[PDB]
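Here the structure of chain W is known, so what remains is to put chain X in place on it, guided by the hints.
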Amino acid sequence: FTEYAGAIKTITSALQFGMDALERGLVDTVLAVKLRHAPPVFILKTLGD
Amino acid sequence: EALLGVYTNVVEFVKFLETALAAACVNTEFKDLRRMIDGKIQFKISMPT
Numbered sequence: 149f150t151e152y153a154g155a156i157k158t159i160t161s162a163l164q165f166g167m168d169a170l171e172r173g174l175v176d177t178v179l180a181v182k183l184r185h186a187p188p189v190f191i192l193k194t195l196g197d
Numbered sequence: 051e052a053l054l055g056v057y058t059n060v061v062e063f064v065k066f067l068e069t070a071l072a073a074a075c076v077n078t079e080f081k082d083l084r085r086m087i088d089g090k091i092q093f094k095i096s097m098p099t
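In order, the protein sequence lines correspond to chains W and X.
Residue numbers for the first sequence follow PDB author numbering, so the first one is 149 and each next one is one higher.
Residue numbers for the second sequence follow PDB author numbering, so the first one is 51 and each next one is one higher.
It is worth saying that the hints were derived from the structure and are not from the lab.
Some clues are possibly wrong.
From chain X, some residues computed to sit far from chain W (all C-beta separations above 12 Å) [said to hold, decoys possible]:
{"id": "1", "residue": "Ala52"}
{"id": "2", "residue": "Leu54"}
{"id": "3", "residue": "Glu62"}
{"id": "4", "residue": "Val64"}
{"id": "5", "residue": "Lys65"}
{"id": "6", "residue": "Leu67"}
{"id": "7", "residue": "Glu68"}
{"id": "8", "residue": "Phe80"}
{"id": "9", "residue": "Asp82"}
{"id": "10", "residue": "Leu83"}
{"id": "11", "residue": "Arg85"}
{"id": "12", "residue": "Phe93"}
{"id": "13", "residue": "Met97"}
{"id": "14", "residue": "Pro98"}
{"id": "15", "residue": "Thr99"}
Restricting the straight-line Cα-Cα distance to at most 20 Å, the calculated cross-link-like pairs of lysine to any residue (SDA-like) are [what the hints assert, rightly or not]:
{"id": "16", "chain 1": "X", "residue 1": "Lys94", "chain 2": "W", "residue 2": "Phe165"}
{"id": "17", "chain 1": "W", "residue 1": "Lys157", "chain 2": "X", "residue 2": "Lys90"}
{"id": "18", "chain 1": "X", "residue 1": "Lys90", "chain 2": "X", "residue 2": "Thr78"}
{"id": "19", "chain 1": "X", "residue 1": "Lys81", "chain 2": "X", "residue 2": "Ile95"}
{"id": "20", "chain 1": "X", "residue 1": "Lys94", "chain 2": "W", "residue 2": "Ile159"}
Here are some chain X residues the structure puts well away from chain W; computed CB gaps all over 12 Å [as the list claims (entries may be wrong)]:
{"id": "21", "residue": "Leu53"}
{"id": "22", "residue": "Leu71"}
{"id": "23", "residue": "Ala73"}
{"id": "24", "residue": "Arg84"}
Even for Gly, the Cβ is constructed at its ideal location relative to N, Cα and C.
Just chain W, same shape as in the assembly:
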């Protein structure tokens, strides 16, 4: 009973490692999208006038 409940804690900590390492993939790619459409200031500043 202390080995059955000592390995079910392994797989949930490998399931919590599953989802809460995928939530980076939102924060990774959305930051990566904004950088793909990122002109710098010394380009955009005169065009904005």
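Here is chain X on its own, set in the frame of chain W:
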């Protein structure tokens, strides 16, 4: 002829719990050092990706 001497007090220093050095060290008082050989602390760090 009985005489009487002049002795000053030992300059007292109050124990360091009134000093702010207690911030640098949590202080658990310990009962037998001749009984402990090598105490230890173990860390276990799970690391997401």
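* Asked: Are the Cα positions of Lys81/X and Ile95/X separated by 20 Å at most?
  -> Given pair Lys81/X, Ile95/X is violated - Cα atoms ~31 Å apart, limit 20 Å.
* Exclusion check [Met97/X not at the chain W interface, CB over 12 Å] -> About 9 Å separates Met97/X from the closest Cβ of chain W, which leaves it inside 12 Å; violated.
* Nearest-CB test (12 Å) between chain W and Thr99/X -> Answer for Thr99/X: violated, closest chain W Cβ roughly 5 Å.
* Asked: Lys65/X: least C-beta distance to chain W exceeds 12 Å?
  -> At about 45 Å from chain W, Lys65/X clears the 12 Å cut-off, so the statement holds.
* Does the claim that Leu71/X lies off the interface hold, with its Cβ farther than 12 Å from every Cβ of chain W? -> Answer for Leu71/X: holds, closest chain W Cβ roughly 39 Å.
* To do: Could you check that no beta carbon of chain W comes within 12 Å of the beta carbon of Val64/X?
  => holds, 49 Å
* To do: Starting from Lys94/X, check that the Cα of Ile159/W is at most 20 Å away, please.
  => Holds - the C-alpha atoms of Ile159/W and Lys94/X are around 17 Å apart, at most 20 Å.
* Pair hint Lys157/W and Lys90/X, alpha-carbon separation not exceeding 20 Å -> violated, 25 Å
* Examine each Cβ of chain W, and state whether all of them lie more than 12 Å from the Cβ of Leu67/X. => holds, 41 Å
* In terms of Cβ atoms, is chain W entirely out of 12 Å range of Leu54/X? -> holds, 75 Å
* Least C-beta distance from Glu68/X to chain W larger than 12 Å -> holds, 45 Å
* Regarding the assertion that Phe93/X does not contact chain W, is the least Cβ-Cβ distance greater than 12 Å? -> holds, 16 Å
Checked against the numbered hints above, the structure violates hints 13, 14, 15, 17 and 19; every other hint is satisfied.
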